[PDB]
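K.L.:
Kindly produce the complete structure, drawing on both the sequences and the hints.
2 protein chains.
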Amino acid sequence: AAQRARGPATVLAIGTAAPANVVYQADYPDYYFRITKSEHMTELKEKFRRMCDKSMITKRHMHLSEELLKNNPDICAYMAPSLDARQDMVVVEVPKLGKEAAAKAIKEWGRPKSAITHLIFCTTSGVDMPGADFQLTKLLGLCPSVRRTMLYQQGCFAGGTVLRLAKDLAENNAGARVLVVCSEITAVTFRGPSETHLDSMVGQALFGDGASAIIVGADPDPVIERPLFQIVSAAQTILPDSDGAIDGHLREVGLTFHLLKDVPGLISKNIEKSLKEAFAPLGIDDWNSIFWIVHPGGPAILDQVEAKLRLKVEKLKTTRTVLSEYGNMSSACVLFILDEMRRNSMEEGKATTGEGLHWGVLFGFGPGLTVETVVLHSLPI
Amino acid sequence: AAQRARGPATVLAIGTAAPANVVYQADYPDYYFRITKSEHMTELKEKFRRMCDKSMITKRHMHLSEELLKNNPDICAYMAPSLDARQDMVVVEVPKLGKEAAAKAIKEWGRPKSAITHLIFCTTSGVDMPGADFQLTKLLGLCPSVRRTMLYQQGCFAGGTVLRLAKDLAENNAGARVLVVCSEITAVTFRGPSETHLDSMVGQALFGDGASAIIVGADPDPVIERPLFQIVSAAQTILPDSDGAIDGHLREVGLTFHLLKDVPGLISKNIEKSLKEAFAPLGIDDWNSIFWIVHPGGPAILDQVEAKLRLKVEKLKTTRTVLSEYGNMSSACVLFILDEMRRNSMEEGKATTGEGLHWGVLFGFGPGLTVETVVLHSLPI
Numbered sequence: 010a011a012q013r014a015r016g017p018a019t020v021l022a023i024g025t026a027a028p029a030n031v032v033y034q035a036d037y038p039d040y041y042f043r044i045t046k047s048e049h050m051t052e053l054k055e056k057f058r059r060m061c062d063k064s065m066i067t068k069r070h071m072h073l074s075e076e077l078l079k080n081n082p083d084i085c086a087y088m089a090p091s092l093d094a095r096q097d098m099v100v101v102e103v104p105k106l107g108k109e110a111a112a113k114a115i116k117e118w119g120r121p122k123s124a125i126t127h128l129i130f131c132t133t134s135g136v137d138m139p140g141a142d143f144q145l146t147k148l149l150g151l152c153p154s155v156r157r158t159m160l161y162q163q164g165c166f167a168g169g170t171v172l173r174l175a176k177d178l179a180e181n182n183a184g185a186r187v188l189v190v191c192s193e194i195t196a197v198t199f200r201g202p203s204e205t206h207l208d209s210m211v212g213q214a215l216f217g218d219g220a221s222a223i224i225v226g227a228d229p230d231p232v233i234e235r236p237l238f239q240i241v242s243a244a245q246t247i248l249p250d251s252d253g254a255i256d257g258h259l260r261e262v263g264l265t266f267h268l269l270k271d272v273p274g275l276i277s278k279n280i281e282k283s284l285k286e287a288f289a290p291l292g293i294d295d296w297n298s299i300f301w302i303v304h305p306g307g308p309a310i311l312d313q314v315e316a317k318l319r320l321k322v323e324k325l326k327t328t329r330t331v332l333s334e335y336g337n338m339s340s341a342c343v344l345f346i347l348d349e350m351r352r353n354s355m356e357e358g359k360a361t362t363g364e365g366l367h368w369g370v371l372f373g374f375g376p377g378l379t380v381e382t383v384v385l386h387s388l389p390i
Numbered sequence: 010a011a012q013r014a015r016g017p018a019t020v021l022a023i024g025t026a027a028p029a030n031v032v033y034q035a036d037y038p039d040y041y042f043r044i045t046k047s048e049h050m051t052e053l054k055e056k057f058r059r060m061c062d063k064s065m066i067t068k069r070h071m072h073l074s075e076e077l078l079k080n081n082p083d084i085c086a087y088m089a090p091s092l093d094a095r096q097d098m099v100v101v102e103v104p105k106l107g108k109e110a111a112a113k114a115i116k117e118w119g120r121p122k123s124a125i126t127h128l129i130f131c132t133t134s135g136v137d138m139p140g141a142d143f144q145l146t147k148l149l150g151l152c153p154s155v156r157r158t159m160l161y162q163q164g165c166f167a168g169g170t171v172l173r174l175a176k177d178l179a180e181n182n183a184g185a186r187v188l189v190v191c192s193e194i195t196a197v198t199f200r201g202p203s204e205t206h207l208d209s210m211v212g213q214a215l216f217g218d219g220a221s222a223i224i225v226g227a228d229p230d231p232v233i234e235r236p237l238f239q240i241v242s243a244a245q246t247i248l249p250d251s252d253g254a255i256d257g258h259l260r261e262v263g264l265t266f267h268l269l270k271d272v273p274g275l276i277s278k279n280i281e282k283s284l285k286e287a288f289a290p291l292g293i294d295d296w297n298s299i300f301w302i303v304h305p306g307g308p309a310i311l312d313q314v315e316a317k318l319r320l321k322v323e324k325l326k327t328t329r330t331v332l333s334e335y336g337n338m339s340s341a342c343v344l345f346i347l348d349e350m351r352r353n354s355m356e357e358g359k360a361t362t363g364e365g366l367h368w369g370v371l372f373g374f375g376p377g378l379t380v381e382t383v384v385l386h387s388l389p390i
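Same order as they appear, the protein sequences are chains B and A. Okay, so the first sequence: first residue is 10 according to the deposited numbering, each after it adds one. Okay, so the second sequence: first residue is 10 according to the deposited numbering, each after it adds one.
Careful: at least some of the hints might be erroneous.
List of simulated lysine-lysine pairs, DSBU-like, C-alpha gap at most 35 Å [unchecked claim]: (1) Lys-278/B x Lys-108/A; (2) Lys-282/B x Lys-108/A; (3) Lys-122/B x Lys-46/B; (4) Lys-108/B x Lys-270/A; (5) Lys-108/B x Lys-285/A.
None of these hints come from the bench; they were simulated from the model.
P.N.:
What follows is the structure, encoded as structure tokens:
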């Protein structure tokens, strides 16, 4: 009746954070085996080294340091019971790094944390009760009447669920302001190599810790608030014949993950049908007229979607910059890129946050194979 | 601009389903110890027998039958590894029993299943990737473009979280119809008795399997659609002095849960602070003038909140009827009661779905201590 807002959900602030311990890819193939204790795996180390050159990854952030892996020998083994050794770390550490990322959004946002109405926590590393939304509500100290949505164990595609969810919450409750925190810790994941299970090692060359947060609200007050991007629409579809492409099992051994299909080709074979549903109602066909943000599941996906669509080099530059300096941070990784792009547009004198263009796309791909496609609109300066 | 609906979110249909194997409480205190092989625990059997008649519980439904507990001896032990034995079972069965409930709402609703726009699955039994929301889209066969929210490992308080969430999705997307499925299987929970951790024994005399589903939408088309209840408001608060009241750990032994406070007194000491915020802006103080629906976490909470407020006996009659023939079905139980109330109103010739009244309250309490309070409105005949 009178509870609803007036305008579209708008990203007003963006914050990012990652663990302090940095681990480079040039040294990882050695470090990984010398901590796992897998010296005998000769060719497996040869297949893994060249995979650490597949990456296009330079640095990644790991809460799991060298010191911390020598009192946990069964986190360095392939299949050894360690769910407790894993989650004890990430039940506590996920909201801690979440607070660090959230706090820089509240700071740049510049209003009292008490003005936040909803909280959306998203993670795929661990599950607890009370949840990390409870933990991050206490760490940040928000109103005990905040309305929170806990997105537990979602996948790489959760980077768009938080915008799809933030859009409805903010626009359906007037004056509401939604805080959204994405945070992943690659501790539940880390495992040892196996020459009979090459799929567990792709993740060992891509994943890295990270947390991301943004403030979403409708009707941005001038003078005090500054809008960055508008959330115009967000749809979620499943790719035909993909049941099993991305699998995820939480065992008493940790987070088991599998690839069973050519997940790069699966998306570029279908990614045009999701663009047209969104941009045909606006008469847009040239896909270099848009600014692009794609969840970097791997260098293959960015290359195969670039060729399939013949995109210019500049379109996925911010998407490739983050994957270079962070690895694949699962859901949090998408929101990093949208920060790297507005900071890039501002500096290069672009007329608009979206590298100068007006409309834009955001892409996430996870277990399903599910594809979330959110259309974005950019704002000046 | 034009995507949002006109009226309030409205639950239009309700469906219920439960496992076939029924287990009675009169025989449970014995059966429980006699399957675990715990006859030697003499007084523990008497302390538990005094708890299964504390219950006010008659029957409960368990997918874990007599046959299946003798091929899984480590689910019948107190602290024995069985996360794999648990999740293998319930990763499949939660969406299956979800299908049984979802189909029964679609039936009463009476429109094409292709008309469902969003899906919200909520459960606390197991975790998987892809999630149980993916599983039920295939089981029901809905549009591969459905919009899903997977609420994994939430708690007893999720019965209002899905109504708080369904309200925003339906009211912010015009003509949308949202299906929401609650489903619980008390297999992750089931444990052996222990005289050193009496907290594991409350759940063994209260929890029982069950699934619930409803269709929620805004702007109900006449002729075809029939509104049952309106969702007017829904707030989420945490009780002061509750750190640790309800705890939940998903370990390699199952879902460990602990009680450390008098959660009945915790609620009745605070349930008035939530009552007025919702009804003071409508000029309602007498809390027997509304129809009541409370999550039956246990007879103590219903009795202590009944006394705290001096409520009439008939108010929580439907709340205790569901707990009588079902036990505590965690999140799904709330939606059961709202079905037990409308089917009760129709038969008894009440003028309104809400036992004859117009305004009503719905309450959900879980880990936090978090309290979800949803305001409902009833409709005639």
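K.L.:
Against this structure, judge whether each hint is valid.
P.N.:
Cross-check of the supplied hints:
Distance hint between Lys-278/B and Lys-108/A is fulfilled; the C-alpha atoms sit about 31 Å from each other, no more than 35 Å. Annotation: proposed proximity of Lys-282/B to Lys-108/A holds, straight-line Cα distance about 29 Å (limit 35 Å). Of the pairs offered as hints, the one joining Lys-122/B and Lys-46/B is violated, with about 47 Å between alpha carbons and a cut-off of 35 Å exceeded. About 28 Å separates the Cα atoms of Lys-108/B and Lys-270/A, which keeps this hinted pair within 35 Å; it holds.
Of the pairs offered as hints, the one joining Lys-108/B and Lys-285/A holds, with about 33 Å between alpha carbons and a cut-off of 35 Å not exceeded.
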